[PDB]
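Guided by the hints, dock chain B onto chain A, whose structure is given.
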Amino acid sequence: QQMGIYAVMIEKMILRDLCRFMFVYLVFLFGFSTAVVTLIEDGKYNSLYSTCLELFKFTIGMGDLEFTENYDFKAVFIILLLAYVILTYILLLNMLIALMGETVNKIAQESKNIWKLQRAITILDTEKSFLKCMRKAXXXXXXXXXXX
Amino acid sequence: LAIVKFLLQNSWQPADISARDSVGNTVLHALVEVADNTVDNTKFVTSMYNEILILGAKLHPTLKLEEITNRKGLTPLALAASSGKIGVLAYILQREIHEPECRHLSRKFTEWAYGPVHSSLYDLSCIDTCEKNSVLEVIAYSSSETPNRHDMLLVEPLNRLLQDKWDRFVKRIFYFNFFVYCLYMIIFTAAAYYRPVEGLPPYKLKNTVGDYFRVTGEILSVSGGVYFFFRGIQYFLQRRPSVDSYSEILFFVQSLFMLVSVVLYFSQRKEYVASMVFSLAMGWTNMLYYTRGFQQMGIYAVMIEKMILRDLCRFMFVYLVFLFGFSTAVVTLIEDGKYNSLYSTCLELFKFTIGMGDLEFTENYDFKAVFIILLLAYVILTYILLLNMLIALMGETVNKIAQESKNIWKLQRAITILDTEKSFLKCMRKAXXXXXXXXXXX
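These protein sequence lines are chains A and B, in that order. Add 95 to the 1-based position in the first sequence for this note's numbering, that's all there is to it. Add 703 to the 1-based position in the second sequence for this note's numbering, that's all there is to it.
Keep in mind that the hints are not guaranteed to be accurate.
With a cut-off of at most 30 Å between alpha-carbon atoms, the simulated DSSO-like pairs for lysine-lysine come out as follows [to be verified]:
{"no.": "1", "chain 1": "B", "residue 1": "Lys-1054", "chain 2": "A", "residue 2": "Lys-152"}
{"no.": "2", "chain 1": "B", "residue 1": "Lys-1054", "chain 2": "B", "residue 2": "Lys-874"}
{"no.": "3", "chain 1": "A", "residue 1": "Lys-107", "chain 2": "A", "residue 2": "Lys-207"}
{"no.": "4", "chain 1": "A", "residue 1": "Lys-107", "chain 2": "B", "residue 2": "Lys-1103"}
{"no.": "5", "chain 1": "B", "residue 1": "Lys-874", "chain 2": "B", "residue 2": "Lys-1133"}
{"no.": "6", "chain 1": "A", "residue 1": "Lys-107", "chain 2": "B", "residue 2": "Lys-1009"}
These are computed hints drawn from the structure, not numbers from a lab.
With the rest of the complex left out, here is chain A:
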C-alpha cells in the first residue's frame, strides 16, 4: 500500500509533468545549441550534437559554463550561455519542482483510487487468468455503530 500508492505518483508525475517540461526543455536546448554551433568555427564543439551535449550538462548540474575557446566575439557567447542558464537551468528546474508539487497535491486521493483499481485488476485477472480455477463463487460486513 505505501509503495504502490507511491508508484502511482511516479506514473502520474512522469507523463504529464515530465512530458510538459521535456517539450520546452528540448525546444530551448535545441534553439540555444543551434545558436552556439553557428558561433563556433572549429574544435568539435561545432557539431550540433556535440554542442547540444555540452549544453545539456548545464541542466544535469555539470554545466561547464565556458567550455570552448575557439569562438569569435567572445562576449556574445557568454551572453548566450548565461541566458540559457537563467531561463532554462534555474527557471525551468525550479519551475518543474513547483509544478510537481502541484501534481502531488491534486493526485493523492486520486492516486489512492488508482492504486485500489490496480490491485483489483491484478486480482481479477489472476482468477480469470488463474485458469478460473476453483475459487469462491454470501457477503456481509461485521458492523457496530450506535445509533442506539
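Same frame as chain A, but now just chain B:
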C-alpha cells in the same frame, strides 16, 4: 425607481429618456458607469437598467435605446466591456424579456424545450458588431488598466462562441500557421548551422548543390524576417500602441535582430553573425508562443511567463546584488593571476550558483582564511538560501496563478482568433447563438 417613473410619466414635463450628458452618456451609459462589480451593485443596476428599457418600450417603442453611442463611440454594452463592468455586461448578454413589446428588448430567446431539456438563443451583437465595436473585440484587446479584463470571457455568450469557432474553422487555420512558422525556423538554423567558415563573408557563391541550397535558405530566412517586421509595425500602429502583450514585442525584436544582422552582412563585418546568433535563439524560444491553442501546453506556457517576470525578476535583482558585492570583495582580495579582473572573479563566483562552484579556485590571495570565509558566506546566503527560496516562491506563484493562468490562456486564444478573422482579411466568415441544454430542475 418611483422618481425615475415620475420623471418619465408626469403631466408637466416628461423626461427625454434618450438625452445624452456632456460625455455622451445616456441613463443606460451612466448606470454602466455607476457599477462597481459588487453583488448588490450589479443587482440594483441590472434591474434599474431593465426598468428603463421596459419604460422605453412602453412609452416610446420606436427608440432603439441600447444602440445609442456615448461621445467615444460606445454603446452601453461596449462601455461596460471597456471598463470591466462584467456582471452588467453579462446581464446584457443574458437579457431575456417576455411581455408585449418584449422581443425587441430581449437578448436571449429560448425555443426548443423537451421534458428534460433546454435551449438558449443569443443575439448576438458583440460577435458581429463590425460597424462600431465588438464585445469580444473590446474584451479581447482591453487596456489592461481596467480593474476586471481577464474575467470577462467566462460569460456564456462570448466563451462558448469562441470555443465554437475553433472547432469549425480556426484551429485548422492556426496549425497551418504553426507549421509554416516551424519550417522558417529549420531554414534559419540550417543556413546558420551550415554558413561558410571562411572570412570576409559573403564569399562568392559556389557552383555546387550545397551553395545553391544554402543561398536559398539565407534569402528565405531574411524574407521570413521581413514578415514579422511588417506585421509588427501594424500592431504598433494598428494596435494603437501603447510592456504588455509581450509576445508581439518578442516577435518584433527577433525580426529586428535578424534585420540588423542583414545590414551588417552586406556591410561585410565579420560579426554580422552575433546578430544572427541572437536572432536564431530568439526564434526557437518564441516557438513557446505557438503552444497556445493546445490547452495543457498553453496553460503551462502562461505559468512560464507569469513565473518569469515577477519571480525570476525578483530573484535576479538580489542575485545580481549579492554576486556583485561578493565578487568585488574578492577582486580586492587577489593581487594577480587573472582572478583579479572583476569580470573574471564574478564569473568564477557565478559557478557556485550554477552547480559548478569551485570553492577555492585561486591560490594567489593573502590572509587565506578570510577568502574562504568570504566564499562560505556567499554560498550559504546566496547559493542555498536563495536557490531554495526561489523554489518556494515559485511554488507560491504557481498556487495563486493556475485559475488565473487558465483565464489568461483563454484570453490568448480569443485574441489569436479575433485577430486572424480581422487579420484574416475580414474574409467571409460567420456574421444565432444558442446552447443545447438539459438540466432538471424538473
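- Message: What's the verdict on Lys-874 of chain B and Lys-1133 of chain B, does the C-alpha distance respect the 30 Å limit or exceed it?
- Response: 15 Å, holds
- Message: Does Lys-1103 of chain B sit within 30 Å of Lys-107 of chain A, going by the straight-line distance between their CA atoms?
- Response: 22 Å, holds
- Pairwise hint evaluation, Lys-152 of chain A against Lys-1054 of chain B, where the allowed Cα distance is 30 Å at most: 13 Å, holds
- Item | Given hint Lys-207 of chain A paired with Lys-107 of chain A - CA-CA distance at most 30 Å | 12 Å, holds
- Between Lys-107 of chain A and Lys-1009 of chain B, does the CA-CA distance stay at or below 30 Å? 25 Å, holds
- Within 30 Å, alpha carbon to alpha carbon, are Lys-1054 of chain B and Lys-874 of chain B? 45 Å, violated
When held up to the earlier numbered hints, the structure conflicts with hint 2 and nothing else.
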